[PDB]
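K.L.:
In case you want the letters, here they are:
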Amino acid sequence: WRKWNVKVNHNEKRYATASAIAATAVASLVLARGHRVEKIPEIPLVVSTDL
Amino acid sequence: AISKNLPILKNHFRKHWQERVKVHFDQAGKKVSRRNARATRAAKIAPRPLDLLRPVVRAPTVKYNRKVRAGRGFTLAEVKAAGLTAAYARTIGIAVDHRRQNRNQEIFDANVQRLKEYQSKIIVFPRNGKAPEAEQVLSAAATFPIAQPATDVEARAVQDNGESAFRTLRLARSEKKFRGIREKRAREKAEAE
Amino acid sequence: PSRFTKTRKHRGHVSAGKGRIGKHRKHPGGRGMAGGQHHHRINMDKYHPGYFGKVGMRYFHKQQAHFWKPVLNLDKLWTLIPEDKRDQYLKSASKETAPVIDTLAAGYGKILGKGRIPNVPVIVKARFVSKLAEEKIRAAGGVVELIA
Amino acid sequence: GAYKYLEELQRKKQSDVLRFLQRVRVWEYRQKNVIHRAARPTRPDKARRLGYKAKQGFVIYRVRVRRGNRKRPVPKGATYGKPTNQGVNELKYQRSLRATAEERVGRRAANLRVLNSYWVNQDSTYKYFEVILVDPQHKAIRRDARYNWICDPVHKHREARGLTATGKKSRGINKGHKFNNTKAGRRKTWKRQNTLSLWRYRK
Amino acid sequence: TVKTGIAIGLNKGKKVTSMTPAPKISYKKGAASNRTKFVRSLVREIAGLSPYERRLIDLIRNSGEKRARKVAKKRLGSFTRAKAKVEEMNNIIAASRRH
RNA sequence: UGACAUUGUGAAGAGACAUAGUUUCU
RNA sequence: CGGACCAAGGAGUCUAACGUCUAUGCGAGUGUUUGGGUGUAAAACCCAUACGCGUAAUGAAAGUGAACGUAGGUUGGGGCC
RNA sequence: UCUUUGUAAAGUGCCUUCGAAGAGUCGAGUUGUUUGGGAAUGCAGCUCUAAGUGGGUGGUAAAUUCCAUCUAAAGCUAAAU
RNA sequence: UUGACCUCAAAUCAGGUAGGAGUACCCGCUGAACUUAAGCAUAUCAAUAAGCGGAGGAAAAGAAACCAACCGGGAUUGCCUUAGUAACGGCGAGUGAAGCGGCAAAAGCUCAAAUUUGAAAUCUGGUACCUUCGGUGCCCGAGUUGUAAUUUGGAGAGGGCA
Ligand SMILES: [Mg+2]
Ligand SMILES: [Mg+2]
Ligand SMILES: [Mg+2]
Ligand SMILES: [Mg+2]
Ligand SMILES: [Mg+2]
Ligand SMILES: [Mg+2]
Ligand SMILES: [Mg+2]
Ligand SMILES: [Mg+2]
Ligand SMILES: [Mg+2]
Ligand SMILES: [Mg+2]
Ligand SMILES: [Mg+2]
Ligand SMILES: [Mg+2]
Ligand SMILES: [Mg+2]
Ligand SMILES: [Mg+2]
Ligand SMILES: [Mg+2]
Ligand SMILES: [Mg+2]
Ligand SMILES: [Mg+2]
Ligand SMILES: [Mg+2]
Ligand SMILES: [Mg+2]
Ligand SMILES: [Mg+2]
Ligand SMILES: [Mg+2]
Ligand SMILES: [Mg+2]
Ligand SMILES: [Mg+2]
Ligand SMILES: [Mg+2]
Ligand SMILES: [Mg+2]
Ligand SMILES: [Mg+2]
Ligand SMILES: [Mg+2]
Ligand SMILES: [Mg+2]
Ligand SMILES: [Mg+2]
Ligand SMILES: [Mg+2]
Ligand SMILES: [Mg+2]
Ligand SMILES: [Mg+2]
Ligand SMILES: [Mg+2]
Ligand SMILES: [Mg+2]
Ligand SMILES: [Mg+2]
Ligand SMILES: [Mg+2]
Ligand SMILES: [Mg+2]
Ligand SMILES: [Mg+2]
Ligand SMILES: [Mg+2]
Ligand SMILES: [Mg+2]
Ligand SMILES: [Mg+2]
Ligand SMILES: [Mg+2]
Ligand SMILES: [Mg+2]
Ligand SMILES: [Mg+2]
Ligand SMILES: [Mg+2]
Ligand SMILES: [Mg+2]
Ligand SMILES: [Mg+2]
Ligand SMILES: [Mg+2]
Ligand SMILES: [Mg+2]
Ligand SMILES: [Mg+2]
Ligand SMILES: [Mg+2]
Ligand SMILES: [Mg+2]
Ligand SMILES: [Mg+2]
Ligand SMILES: [Mg+2]
Ligand SMILES: [Mg+2]
Ligand SMILES: [Mg+2]
Ligand SMILES: [Mg+2]
Ligand SMILES: [Mg+2]
Ligand SMILES: [Mg+2]
Ligand SMILES: [Mg+2]
Ligand SMILES: [Mg+2]
Ligand SMILES: [Mg+2]
Ligand SMILES: [Mg+2]
Ligand SMILES: [Mg+2]
Ligand SMILES: [Mg+2]
Ligand SMILES: [Mg+2]
Ligand SMILES: [Mg+2]
Ligand SMILES: [Mg+2]
Ligand SMILES: [Mg+2]
Ligand SMILES: [Mg+2]
Ligand SMILES: [Mg+2]
Ligand SMILES: [Mg+2]
Ligand SMILES: [Mg+2]
Ligand SMILES: [Mg+2]
Ligand SMILES: [Mg+2]
Ligand SMILES: [Mg+2]
Ligand SMILES: [Mg+2]
Ligand SMILES: [Mg+2]
Ligand SMILES: [Mg+2]
Ligand SMILES: [Mg+2]
Ligand SMILES: [Mg+2]
Ligand SMILES: [Mg+2]
Ligand SMILES: [Mg+2]
Ligand SMILES: [Mg+2]
Ligand SMILES: [Mg+2]
Ligand SMILES: [Mg+2]
Ligand SMILES: [Mg+2]
Ligand SMILES: [Mg+2]
Ligand SMILES: [Mg+2]
Ligand SMILES: [Mg+2]
Ligand SMILES: [Mg+2]
Ligand SMILES: [Mg+2]
Ligand SMILES: [Mg+2]
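Protein chains in written order, with the numbering used here: chain A, 57 to 107; chain B, 18 to 210; chain C, 390 to 537; chain D, 205 to 407; chain E, -13 to 85.
Be a bit skeptical, because a hint or two may be false.
As the list claims (entries may be wrong) - Partner residues aside, some chain D positions facing chain E, computed with beta carbon under 7 angstroms:
no., residue
1, 216
2, 220
3, 221
As the list claims (entries may be wrong) - Here's a subset of chain C near chain E, in silico, CB distances under 10 angstroms, partners left out:
no., residue
4, 469
5, 470
6, 494
7, 498
8, 515
9, 516
10, 517
11, 521
FYI, nobody ran anything at the bench for these hints, they're computed from the structure.
Ideal Cβ positions, reconstructed from N, Cα and C, are used throughout, including at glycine.
Required output: the full structure, derived from the provided sequences and hints.
P.N.:
Here it is, written out as structure tokens:
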């Protein structure tokens, strides 16, 4: 009966994922994260819906 | 073991309490088994709709009679008033309650109007065989929601016949406060030989 | 977590933060709320005056709810009208047509009078008013209506 | 029907006719063994309202259990322990003498199953009972839908778990604020309110 | 009844348009019936009066329905039953060794 | 050690409605 | 006082309910996670009704319930003009 | 798909009469235990022991007058646990 | 003299059942003290441990002699909450539920008491046949000191009428 899970305010959760969504633009940080992407068209890379 | 400026806490841990801790690790598990077991009902339930029809009911106590709430079953009256017997209306997904009583017409008329609309929006397959496959609507409480009765208008004229409402309260409180005495004075005054 | 836990800082110092003299023994003061009236009376008068002994009536089987009666002041009141419909009524502050706030529908039991609502007429369905509550409503053209 | 008469004449226990009877009968029991097979209901109105029926597979039994209190065994009244627990003599026992009667015959014919039991008489030594039972293997029972619930395995020695009428009494199972403490079942409702439900997303 | 329409005072309550619903027979449980009337009476001349009652009526004839009740209230359980018990011996006496 | 319950049947004697016998005790 | 010597174990934890403080979210409100929805399935994602704390106090209680006034006057006040 | 089980069985409207409902139990005194239950929450022992427009409950003992609210002292029964 | 009836016995009489085990969970009986109170007896630990009886796949509870006091609600059970509250308490230590509200799951009922009285309409067993978790004929037997149908308070029953 140790704690194991953790409550995050529902909103703080969104604020987070939102910020995480916006970082997936900024080229610098995707390259910072690993991610071999100096050879990609643009960012956000958007691809046909036929995918 | 009294120290510092600290609210006096009340932590009841002087039984073998480690012996009766319930950590719901199976929460997610149980949702799963619940969902799963609904889905099996819903299938074993043929084109029927999981739930029975509930009545409208004004909830009890001075705290909740503002609200109106789905009750248990439909009173021998409303059933008969909406024209089908008890013993049958329970085979048609309609819940009866032989205990509940009909004192308030507005809710009565309601629940018959509830009975009407339910019968109208459902079809009862015959005892023959056919079984004209007809896709379950799963609730019925969703089909036939329960609305709070509108009690007035957004705006209206300002009828101020003058009597302070505030005062009307104290005056009625008081009438109740000395009602018992004022009647003892009426008995001892009537006893005047 | 345990790595900013001070006891990690304390590793290697004989006493663990607990004095060589006075140690960390079992229960010096007694356990719990022991000696409330005795060796711990300084802490309970101040920090906790009023603690000991009785006051008032008992009330066997007291169902809270009997006494249910949320309180909203004139102070707000107008807030029980959605903002869009709201200005529609402020402007055009008339009899004939004045808003009908059902506060028990909105979940209150008493209207109190914290202070100043504009000169707009309002119709107040409430269960109980305060004197001023009802007084201030009139002086703007409103009335209270008594309800259950 | 002759049954209603019997029901009411029985409610006149101080009436002369009844105590001539009850004094002649109550000797006739104290001669036979503490447990003995009855032959018929001596209170057929009572039996037949308590569940009884006159057809192969129903049984009645007369059983006799001494009256008074439970003397706490305890050698030489010696308690070893605190004053509150130092009593020996004014302790009563939480089950009724009905129960104890039921339980001893139910053990006397384990192949029967105790349906119910009723009080019949008493002196100052003993209280007397007739205990109505049902052989759940007799096919006249096993058909007959009404009774055959008794045949199940969950109705084994129903009388040593207090699910006869007298055991639901002493168990305190009744609805309402009078019975809060003992009602869903005492230790169960106890143990409930002494559990520490911790959620995952701790509330 | 009829509630006033306000939240305190005598007939405090929300005015609703009412209905008075079909009476219940789980409400006529005590009600006599000619079969019980008959049977209990035939019992009574069959079985008679009972010690504590045979003391109760002679008490009545020689002390009345005050020391009667006071005696009956302890003998039975309660004042109330003691009332309706005296009453039953009063009416033994009347229709009997009188008219 | 006392009361009650287990506990019933006679006979004489006291005792009350206040010197018919339902009742109570030696 | 303990300690012949070596290795390896070896002691401020976890939990319930709390005080000050700090960080974060939102703000007169706030808390999705009992539950339902849903899923690439103990995760993430979503959500209606309540509830809890807060937005009123004070009396043992019946009860009453916060603008004389630019929400006051005075004296220091950063900052601004 | 084979037997029609039927001169079977059940449901519904009005008139009239009726409407049976659990006893050494409910209840009371007391003793002991227990409970948050406080002039006594449940339980048992012993004495007392009911009624039928009755009975039980209505969280302060009692008398009176009312009101509410169920229907005890026999019984069965899936799920969520 | 012969046949019952009641009650009670005997069989290596015909068929059946109970025991023991287990026991996490479940219905009960019974029942501590260590402990806490900075002492200690009431209290507490705890209606806990040990001891005894009894079940199932769950058990138990269950269609109100309930909650309430409302515009009332409507079997049980479990969760969120009510609430560390009302109340208990050398009113010290400490203890401590419920009604409402949301949710999970839902489902409801049958005897007793009634003259079938123009028909004991009912049932165990044995037995022969069969389409064998059973049916039918016949016979012992049960049963009127009451086996069926009907009725269960929500009702409902006997007449009459459509
Ligand atoms: Mg200090
Ligand atoms: Mg706890
Ligand atoms: Mg401890
Ligand atoms: Mg588990
Ligand atoms: Mg699960
Ligand atoms: Mg459902
Ligand atoms: Mg209503
Ligand atoms: Mg309510
Ligand atoms: Mg078909
Ligand atoms: Mg760490
Ligand atoms: Mg570090
Ligand atoms: Mg820590
Ligand atoms: Mg340091
Ligand atoms: Mg260091
Ligand atoms: Mg330190
Ligand atoms: Mg030091
Ligand atoms: Mg040291
Ligand atoms: Mg020193
Ligand atoms: Mg001190
Ligand atoms: Mg205190
Ligand atoms: Mg008091
Ligand atoms: Mg009070
Ligand atoms: Mg107040
Ligand atoms: Mg305010
Ligand atoms: Mg005021
Ligand atoms: Mg009697
Ligand atoms: Mg026999
Ligand atoms: Mg000892
Ligand atoms: Mg001991
Ligand atoms: Mg004897
Ligand atoms: Mg408790
Ligand atoms: Mg228990
Ligand atoms: Mg239990
Ligand atoms: Mg959780
Ligand atoms: Mg936390
Ligand atoms: Mg003597
Ligand atoms: Mg004799
Ligand atoms: Mg030393
Ligand atoms: Mg040394
Ligand atoms: Mg090491
Ligand atoms: Mg160590
Ligand atoms: Mg800090
Ligand atoms: Mg912040
Ligand atoms: Mg707010
Ligand atoms: Mg989640
Ligand atoms: Mg899973
Ligand atoms: Mg989604
Ligand atoms: Mg919803
Ligand atoms: Mg809120
Ligand atoms: Mg506060
Ligand atoms: Mg104040
Ligand atoms: Mg004062
Ligand atoms: Mg006043
Ligand atoms: Mg002034
Ligand atoms: Mg003034
Ligand atoms: Mg000045
Ligand atoms: Mg009954
Ligand atoms: Mg006594
Ligand atoms: Mg005990
Ligand atoms: Mg009291
Ligand atoms: Mg008691
Ligand atoms: Mg009273
Ligand atoms: Mg009543
Ligand atoms: Mg039965
Ligand atoms: Mg059961
Ligand atoms: Mg044999
Ligand atoms: Mg065994
Ligand atoms: Mg066991
Ligand atoms: Mg104990
Ligand atoms: Mg210990
Ligand atoms: Mg100690
Ligand atoms: Mg110590
Ligand atoms: Mg000691
Ligand atoms: Mg003690
Ligand atoms: Mg105790
Ligand atoms: Mg324990
Ligand atoms: Mg044990
Ligand atoms: Mg098994
Ligand atoms: Mg089963
Ligand atoms: Mg299950
Ligand atoms: Mg019922
Ligand atoms: Mg009601
Ligand atoms: Mg309920
Ligand atoms: Mg408290
Ligand atoms: Mg303590
Ligand atoms: Mg304690
Ligand atoms: Mg305290
Ligand atoms: Mg306790
Ligand atoms: Mg507790
Ligand atoms: Mg609800
Ligand atoms: Mg059923
Ligand atoms: Mg019929
Ligand atoms: Mg029948």
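K.L.:
Hint by hint, note whether the structure agrees.
P.N.:
Outcome of the hint check:
no.	hint	result
1	216	holds, 5 angstroms
2	220	holds, 6 angstroms
3	221	holds, 5 angstroms
4	469	violated, 18 angstroms
5	470	violated, 23 angstroms
6	494	violated, 13 angstroms
7	498	holds, 8 angstroms
8	515	holds, 9 angstroms
9	516	holds, 4 angstroms
10	517	holds, 6 angstroms
11	521	violated, 19 angstroms
Consistency note: the structure conflicts with the earlier hints numbered 4, 5, 6 and 11.
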